[PDB]
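Q: Residues per chain are reported as follows:
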Amino acid sequence: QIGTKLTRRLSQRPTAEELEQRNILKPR
Amino acid sequence: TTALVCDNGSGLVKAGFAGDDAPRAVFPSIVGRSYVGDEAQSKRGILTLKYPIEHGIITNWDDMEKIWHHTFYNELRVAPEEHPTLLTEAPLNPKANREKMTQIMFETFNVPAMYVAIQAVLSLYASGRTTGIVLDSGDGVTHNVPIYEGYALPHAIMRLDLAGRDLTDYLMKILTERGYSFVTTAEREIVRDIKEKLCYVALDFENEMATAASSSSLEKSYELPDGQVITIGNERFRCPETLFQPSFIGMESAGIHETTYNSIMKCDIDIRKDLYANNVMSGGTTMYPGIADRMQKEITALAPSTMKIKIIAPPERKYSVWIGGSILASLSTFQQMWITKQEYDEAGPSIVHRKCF
Ligand SMILES: Nc1ncnc2c1ncn2[C@@H]1O[C@H](COP(=O)(O)OP(=O)(O)OP(=O)(O)O)[C@@H](O)[C@H]1O
Ligand SMILES: C/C1=C/C(=O)O[C@@H]2C[C@@H](CC[C@H](C)/C=C\CC1)O[C@@](O)([C@@H]1CSC(=O)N1)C2
Ligand SMILES: [Mg+2]
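Protein sequences, first through last, are from chains X and L. Take 1 as the starting number for the first sequence in the working numbering and just add one per residue. Take 1 as the starting number for the second sequence in the working numbering and just add one per residue.
One chain only, chain X, in its complex shape:
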């Protein structure tokens, strides 16, 4: 159920700041 499931996976999307804090999101 793409729309529904994607909505759910997109529902609890983390912020950029917290991905950065976890060393996942890094600048080039």
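A portion of the hints provided could be inaccurate.
The calculated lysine to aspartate or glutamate pairs, modelled on DMTMM-like cross-linking and capped at a C-alpha distance of 20 Å, are [said to hold, decoys possible]: (1) L:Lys355 to X:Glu18; (2) L:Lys95 to X:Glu17; (3) L:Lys95 to L:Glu107; (4) L:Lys308 to L:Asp274; (5) L:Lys266 to X:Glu20; (6) L:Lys355 to L:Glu343; (7) L:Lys318 to L:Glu54; (8) L:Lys318 to L:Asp193; (9) L:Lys266 to X:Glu18; (10) L:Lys100 to L:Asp345; (11) X:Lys26 to L:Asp270; (12) L:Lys100 to L:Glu65; (13) X:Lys5 to L:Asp20; (14) L:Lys308 to L:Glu298; (15) L:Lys173 to L:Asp193; (16) X:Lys26 to L:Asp268; (17) X:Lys26 to L:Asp274; (18) L:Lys318 to L:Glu189; (19) X:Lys5 to L:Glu149; (20) L:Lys318 to L:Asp293; (21) X:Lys5 to L:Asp274; (22) L:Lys220 to L:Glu208; (23) L:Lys355 to X:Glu20; (24) L:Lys355 to X:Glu17; (25) L:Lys50 to L:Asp161; (26) L:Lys297 to L:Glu258; (27) L:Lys220 to L:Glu196; (28) L:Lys173 to L:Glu223; (29) L:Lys220 to L:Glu177; (30) X:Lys5 to L:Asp21; (31) X:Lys26 to L:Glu149; (32) L:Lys173 to L:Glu252.
Which residues of chain L face chain X? A partial, calculated answer using Cβ under 10 Å [what the hints assert, rightly or not]: (33) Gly150; (34) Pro154; (35) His155; (36) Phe357.
Derived by calculation from the structure, the hints in this document are not laboratory data. Don't be surprised by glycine CBs; every beta carbon is placed ideally from N, CA and C.
On the provided structure of chain X, position chain L with the ligands as indicated by the hints.
A: Frame of chain X; chain L with the ligands shown alone:
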């Protein structure tokens, strides 16, 4: 009202209405000076043709405006002020470019709302995922894009200026070695068609080459517009082999299998597993028969044997970017994410950076 989705490629514009299974308008991203898309081509010998988008980046803004105008009024037959509009952009698209797209959409076309998404991210969404690594390869540019919870990870993105148009040029070169002659713009279009209809990726390149020996079992005939019939043999798979061996056209770059591996290895140790298991391919240049199986084989050879490898390459993947946008723009909970005209008037073009991520 209904949302519009436009995926502006270096080669082709894909445009349509959110909720549709496919873009209803697919036309060449060209302006001839005046004339746009398919009308431009038919009037080529009077106008001067140009591609406003180069390697996925908008470079001619005056011509880009012509493309968008033609998309709304002539292809989709809509008034843009009546429709929220989702646009796409390349990974690593400069900040200024995102601002200019936003400014034009609101100030020139008066859209009630808009959003801009990274093409590879939409490909991933179309497969029902928010985490994975996408190989997106079109006419003008190829990217490896690792994505975690919707966020492309910029430090690990790989850009490769080898894509469809380059493969067409290479096929012209090697067919010309077999005694034929393909040189002109018009002749390049013939070769693009040959490429799309007859090329494939060999599972074992050297073995396939050896097979082009034992026989002519790989040979296909192709009728040219003038009625001459030519024969294509190992060129069928030598052409897209270039993606795995860019040295074929003199590039120093590693092939798409290695750049996929290198991209994953730049990411956090604990997400590598999730990237290996969710390799999505999208774009016209991923359409070669055999490409998914070959990628599976090459990635398996580079990755730890402890790693589950999965290549996701659906039949409709030429349009997965558009389809992802169609899905996203139709979501009830996405409606809060649009940049509204009101927010734009209050904040100006820089709004795109805090709203579109
Ligand atoms: N069946 C096919 N086999 C091989 N190549 C194909 C096939 N179909 C389309 N292509 C190639 O895909 C390219 C265009 O696809 P696509 O629409 O994904 O590019 P684009 O979005 O305009 O470009 P880009 O994303 O690089 O800016 C062309 O080079 C085209 O010849
Ligand atoms: C049939 C369709 C294919 C497409 O991918 O077309 C795009 C856009 C097109 C623009 C010029 C061309 C003459 C217009 C019509 C072709 C459109 O150029 C491309 O063909 C170029 C030239 S050859 C190369 O493979 N990509 C790709
Ligand atoms: Mg594209």
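Q: All hints are to be evaluated individually against the structure, with a verdict given for each.
A: Here is how each hint holds up against the structure:
no.	hint	in the structure
1	L:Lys355 to X:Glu18	holds, 17 Å
2	L:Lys95 to X:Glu17	holds, 19 Å
3	L:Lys95 to L:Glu107	holds, 18 Å
4	L:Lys308 to L:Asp274	holds, 9 Å
5	L:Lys266 to X:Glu20	holds, 15 Å
6	L:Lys355 to L:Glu343	holds, 10 Å
7	L:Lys318 to L:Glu54	holds, 19 Å
8	L:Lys318 to L:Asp193	holds, 15 Å
9	L:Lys266 to X:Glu18	holds, 19 Å
10	L:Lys100 to L:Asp345	holds, 15 Å
11	X:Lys26 to L:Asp270	holds, 15 Å
12	L:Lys100 to L:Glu65	holds, 11 Å
13	X:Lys5 to L:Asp20	holds, 19 Å
14	L:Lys308 to L:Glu298	holds, 13 Å
15	L:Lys173 to L:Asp193	holds, 15 Å
16	X:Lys26 to L:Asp268	holds, 10 Å
17	X:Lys26 to L:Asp274	holds, 18 Å
18	L:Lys318 to L:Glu189	holds, 19 Å
19	X:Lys5 to L:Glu149	holds, 13 Å
20	L:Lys318 to L:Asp293	holds, 17 Å
21	X:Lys5 to L:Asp274	holds, 18 Å
22	L:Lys220 to L:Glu208	holds, 15 Å
23	L:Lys355 to X:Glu20	holds, 18 Å
24	L:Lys355 to X:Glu17	holds, 14 Å
25	L:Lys50 to L:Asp161	holds, 19 Å
26	L:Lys297 to L:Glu258	holds, 12 Å
27	L:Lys220 to L:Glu196	holds, 13 Å
28	L:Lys173 to L:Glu223	holds, 19 Å
29	L:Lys220 to L:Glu177	holds, 17 Å
30	X:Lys5 to L:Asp21	holds, 18 Å
31	X:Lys26 to L:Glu149	holds, 14 Å
32	L:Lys173 to L:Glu252	holds, 19 Å
33	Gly150	holds, 6 Å
34	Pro154	holds, 5 Å
35	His155	holds, 4 Å
36	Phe357	holds, 6 Å
Consistency note: the structure conflicts with none of the earlier hints.
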